[PDB]
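Quick setup: one chain, the form deposited in one PDB entry, written in structure tokens, and binding and motion questions come after.
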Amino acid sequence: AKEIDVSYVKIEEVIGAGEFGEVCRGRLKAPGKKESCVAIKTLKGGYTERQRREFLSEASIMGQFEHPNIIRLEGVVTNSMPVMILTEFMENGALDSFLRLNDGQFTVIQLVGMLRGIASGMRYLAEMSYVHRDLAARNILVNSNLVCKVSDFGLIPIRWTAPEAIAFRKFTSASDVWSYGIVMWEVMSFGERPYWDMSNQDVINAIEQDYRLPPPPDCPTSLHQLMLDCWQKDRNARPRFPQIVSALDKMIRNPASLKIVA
């Protein structure tokens, strides 16, 4: 992770609260480059030397990722206090709230483009053996061009989690695929809560009955079928991320196939 001199950083508003400190919007103005907006995670005060380490481990993990659909680490501030992790700032914020605010205002092909971007980011993570464990629309940021970037904001996410990961903590890329299917439903439903206001126990019960979420209004049948593929109880039968990307690319190539609705 690139070390950023704190003199190049300005904090403009606190937008959240993490496990070790704050989340802020700010500005980064490095000597040679233009000034950009950044999101900042902070860690300050009387943290143990361990907590600092645990805090900075996140930046070491993120620094491995370079993909257009994965949030981009700008760098870290570690030679001064507060300790900080900086990423790019995404104009449209989190995907779930973005879609709820803009309910019905995107075409199927636009939504499929978002889903394809998310799937490509996940294919990249799976290829380097990184299991996300909390893939959900709330963890996906949207830029001004509608590009979706997988992120992880930390925290119980029962309703996005594959049954084997709930029961036995077996988290794999295949359980991420289950979560991806939920994200597909969130997107095509313009940010409805998975399983509505069913309790967590109601959700586990429904899945055990072999129930699966229905096609959202106006959702092409082929997209809902791909959701059903992601939600197979047998994790080995779920498509892998490259197969998901290929399936979405076929729909983009053959848009008439997106006209078939329930």
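Numbering follows the first chain given and starts at 1. By rigid core we mean the largest C-alpha set that fits within 1.5 Å across both forms. Compared with the form deposited in another entry:
Measuring CA movement between these two forms with the rigid core aligned, the set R27, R193, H67, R235 has one residue at 2 Å or more: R27. Once both forms are fitted on their rigid core, the CA atom of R52 lies 2 Å or more apart between these two forms. For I252, the Cα coordinates differ by under 2 angstroms between these two forms after the core has been superposed. Relative to the superposed core, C37 shifts its CA atom by 2 Å or more between these two forms.
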The other form holds:
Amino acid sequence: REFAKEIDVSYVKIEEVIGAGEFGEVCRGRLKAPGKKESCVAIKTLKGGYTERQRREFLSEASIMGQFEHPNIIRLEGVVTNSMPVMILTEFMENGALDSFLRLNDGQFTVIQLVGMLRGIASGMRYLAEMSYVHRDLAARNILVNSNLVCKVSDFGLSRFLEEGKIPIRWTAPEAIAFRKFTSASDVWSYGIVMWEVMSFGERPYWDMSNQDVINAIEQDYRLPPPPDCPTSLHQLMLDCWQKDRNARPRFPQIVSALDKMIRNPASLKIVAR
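Switching conditions: you have the form deposited in one PDB entry, so give me the form deposited in another entry.
Only a single chain is listed, so you will not see partners or other molecules.
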């Protein structure tokens, strides 16, 4: 009902539309509140004719995001709910979604930069797992990137999938597909997919395979191969995330530690397949 970051609409200047989201436009804007310096924000607006259900679904993202505070989790800067249009303001992420940012920059960041991106994502997920929050839709298209290449987890919501939007099959652990048991360990499977997306500069997981083909292949022991030039130690970490037995997967603290070791010992990334 009441949001801790409700903000006066006169503190918001909406500037250009920069994207399209689930419920409407996403805009760049400026937030200037009394006693505070002006900051850049992204602004999601809910416009026109919408159900009350849609309004609650839209605002639920702000409710959840506002529970979190971490450098690798998108920060909620405020909401406008006492007036129309309804708005969610977040920190602005100059480079947008990670998957499209990497496709635009194919081959143009080094392995150590890519590992730093993956470390930031893993740190955000380490925090969510410690908060007992299961993301369920962890994918490169849900990671946002700032000007300094800091990656932050976005897309928050506790609504059930249609089977319980649809389950994102290509990112989802097999026990979550089969039994609808979503845990931080299923999040780890998804994180392995994100690693593959990052090291492939935004290629689509499983290329042209259908959803049922992916489900069957995973059950039949297929796993995505190392992306071109991918250090074998990073592919092995992906394979660890993709263990069928959820209890055998590394947990997020382990994943962060493994990436931190690579950053400290970059020579360990030189080994590549073939």
